[PDB]
Amino acid sequence: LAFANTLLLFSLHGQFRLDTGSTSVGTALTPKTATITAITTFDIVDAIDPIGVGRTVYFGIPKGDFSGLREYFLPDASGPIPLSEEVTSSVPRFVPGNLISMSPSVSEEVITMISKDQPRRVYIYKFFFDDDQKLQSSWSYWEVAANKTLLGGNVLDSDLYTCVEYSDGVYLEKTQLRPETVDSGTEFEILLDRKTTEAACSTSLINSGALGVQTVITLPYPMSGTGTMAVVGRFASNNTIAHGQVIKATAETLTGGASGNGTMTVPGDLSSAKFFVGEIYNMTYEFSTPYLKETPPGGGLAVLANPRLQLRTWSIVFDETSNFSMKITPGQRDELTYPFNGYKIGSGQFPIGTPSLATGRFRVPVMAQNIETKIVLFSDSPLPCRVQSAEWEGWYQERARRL
Amino acid sequence: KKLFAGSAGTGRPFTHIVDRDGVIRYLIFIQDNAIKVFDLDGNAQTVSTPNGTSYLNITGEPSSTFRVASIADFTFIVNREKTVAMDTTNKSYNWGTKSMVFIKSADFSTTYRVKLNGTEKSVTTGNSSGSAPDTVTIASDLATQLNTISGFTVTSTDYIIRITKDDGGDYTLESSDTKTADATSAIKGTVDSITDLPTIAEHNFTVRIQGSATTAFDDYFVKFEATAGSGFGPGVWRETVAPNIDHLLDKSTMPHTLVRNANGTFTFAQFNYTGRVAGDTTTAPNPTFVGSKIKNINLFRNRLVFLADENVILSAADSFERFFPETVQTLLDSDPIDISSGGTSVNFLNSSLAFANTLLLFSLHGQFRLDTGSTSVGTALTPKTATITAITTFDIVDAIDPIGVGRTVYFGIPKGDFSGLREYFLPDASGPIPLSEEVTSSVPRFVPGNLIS
Amino acid sequence: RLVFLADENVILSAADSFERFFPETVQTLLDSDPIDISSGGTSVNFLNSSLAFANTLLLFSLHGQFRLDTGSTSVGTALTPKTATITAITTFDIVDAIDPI
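Protein chains in written order, with the entry's author numbering: chain F, 404 to 806; chain D, 52 to 504; chain E, 354 to 454.
Hints listed in this document are in silico derivations from the structure and should not be mistaken for laboratory results. Among the hints, erroneous ones may be present.
Claimed, not checked - Within a straight-line C-alpha distance of at most 20 Å, the following computed SDA-like cross-link-like pairs (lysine to any residue) qualify:
id, chain 1, residue 1, chain 2, residue 2
1, E, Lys435, F, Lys435
2, D, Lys435, F, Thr430
3, E, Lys435, D, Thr491
4, D, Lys435, F, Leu486
5, D, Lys435, E, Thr436
6, E, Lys435, D, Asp369
7, E, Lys435, D, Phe351
8, F, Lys529, D, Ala368
9, E, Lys435, D, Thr381
10, F, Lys435, D, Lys435
11, F, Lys537, D, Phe351
12, E, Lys435, D, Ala368
Using the sequences and the hints given, assemble the complete structure.
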């Protein structure tokens, strides 16, 4: 790799550099001056190449069956030994083995990993820098429907280009990683997989001129009948279907249209409406056990474990969200749900017929003990949802005094 | 004040301002085949165009197509779309199908043989008992002997026999005497060493010297010019360019200049570049910008800097109009430099900046610096020392030119339809990797795309 | 040596001979011959004032600052025609009425 002011070379058990060696970076390279010198003795995997992101280098390290990611930072060419740090120490069993794709994104600070033992998942690592210190370093992974098979991924500018395989061919999909992305002409984005506009699909209608017509839609690509599709009105005016209205099929055929394309049937006449079409994917966020932290005498933070702490109410703070749900399960009892959809009856901020994006707070009771709860933030609508923070109130009982 | 009536055209005009000495200032206005100049009070200054403005014809945006660089008495203008090309019509000198026979000395009882086109004519001199032989008489006899050959023109003067073929075709030449084969020299095409050159010759005569790769010098050529200035006469042999080879640059495509005079009027005319002066096509290859668009221009360390493709081309030392090597026998540190930028990804250089203690070079996906590399900032720039090294892998927008404010460097980055701004701080040249930061992270949809100023 | 300022060029006299400004011989360049450099840059920079401070020679223009040096960590390296140069540093602003101190 050509980076910093040197030519780094990597072996299976060590890292070396090639240089004339002088503080003179552009010294003449001659047969009596070209040498190789060791630097450190870390590890590396040969499946994928190390990459250079920003000012730091990244590469993957082996951890047996599962693989880990280690970055290390190189100061000045004539300067000290480079600094190194492992960022997967807290997740020893997360990233599978046999990696096949690793792509960076400098402007959006995202590193994307695709494995082979899991052909339906994309692993996302998010980092954030300030001068030298590190503020954010998080892990998570996306998912697709139950019939696709990822092959490999690349990144250009700030978009991820993927080459997936369906039951009949290999397609190309484009994904936008930029923040605050918005659909053209409107205020918020509509979330659907395989999202292709109406202009790419042709329609026909059955039993025209009568009440209760149905429209037969011919998608450009063959269906994957295991998943569930939907039709959503797109454009913000002068349309038969209201903005953000969702319609579900009544009779879907996996294939049988022209050229083997899939077909769908919906009520009403949509021969001149504007709408999207695609699949639906779920999001899940499971909170952890809430505890308390206080500064010990030596400095730092310690987590209290002994005192009784019974959670009472759980609240979250959202902004510009339409719909989501909360799923709370106490210890060995029935699961409870608490949905929310933004339409506050009585308030006239959202008239009938327009999508709702609210701003406020929500509160539900949990009624259990901190060590025997599971809190899940669940949402499946094709409308946006984003959450800022949360706050809980509980009963704190101490059976003695604290030193 | 109002500048001029009418509109400025569909494209956005390209504007620059020059501050010379604090009392002289003027605006530069270039758009759509036209170029105009104003002062800070809106009083237009006349501009003369001796060669026309065909160089300024354009199809894209002038703001993102034109680029300027000012030095002393000139202000270079660069068209980022024109494809430069070597001139092929007004070629260099021709060889000429002429040759001479040189007679060095004479000795008693020696027969000279001259072979021309496979036939041999012989002249025999007298022994010691006869008169002293002389090169003049021997050459006269030989010349009148070969003059009988049809299709060839044979003439003699002094000790030189001049041979020329009427149809201009080639022929063989070889002569030898019967003692040592040294007193005769068949000067034809190329010869062994310059030591065999006769004292007198014709001006503009071209001969080739076979160099010795054992000494790590390739071939070269030598040309003649009479001391009298014309005709035949003594003169000098100097290292010259090989004949019958294109050696001129088409000035009608290469960057032009804008000059101000002492009376206030300006002039927009071509620049007088020089062409290949020594060597041949292989030993003095065409500079890498030939056959490809020129991207930007800058001045650094009393040399002219051109950017083209992945290569950076530097002019000769203290001579801004020379781009071909001066001599081909040995390297000189005043010769132009040709450099390619390393990397596993394709990088087309767009903009350059002189700042900190280095010359930064920007690509579409990375950053580079050109330097001797030493902590010795002012080390000599030589062909074995100029280099390009990577620094980082950030992003760059090509519409505008990155600028330098105070001690920091600023440029714009692409955020999709909207555009952002990123600045990065460079400590000492020999020190660590420069620190970088983004300042538009809180406003991802604020600045519109297609920046122009 | 003697230093003059004119246009964009810095002029250095012959070594240890303040009254000589032309090259002594034309056959081979000697290190005692006068030196002339141009301040490179994409903007016109007429030099006005100079100052000898720290371990360098600071030259100021109307819109920037430059330094003349061999550039080496070797402060007392010989000044030769093959080595002299001008390198920019920053781009602050200067008034020409008075000399920086």
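Going through the hints against the structure:
| no. | hint | result |
| --- | --- | --- |
| 1 | E/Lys435 to F/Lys435 | violated (26 Å) |
| 2 | D/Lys435 to F/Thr430 | holds (8 Å) |
| 3 | E/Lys435 to D/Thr491 | violated (46 Å) |
| 4 | D/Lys435 to F/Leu486 | violated (33 Å) |
| 5 | D/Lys435 to E/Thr436 | holds (16 Å) |
| 6 | E/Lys435 to D/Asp369 | holds (12 Å) |
| 7 | E/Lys435 to D/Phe351 | holds (15 Å) |
| 8 | F/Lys529 to D/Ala368 | violated (50 Å) |
| 9 | E/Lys435 to D/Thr381 | holds (18 Å) |
| 10 | F/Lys435 to D/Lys435 | holds (15 Å) |
| 11 | F/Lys537 to D/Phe351 | violated (39 Å) |
| 12 | E/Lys435 to D/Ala368 | holds (10 Å) |
Violated hints for the displayed structure, listed by number in ascending order: 1, 3, 4, 8, 11.
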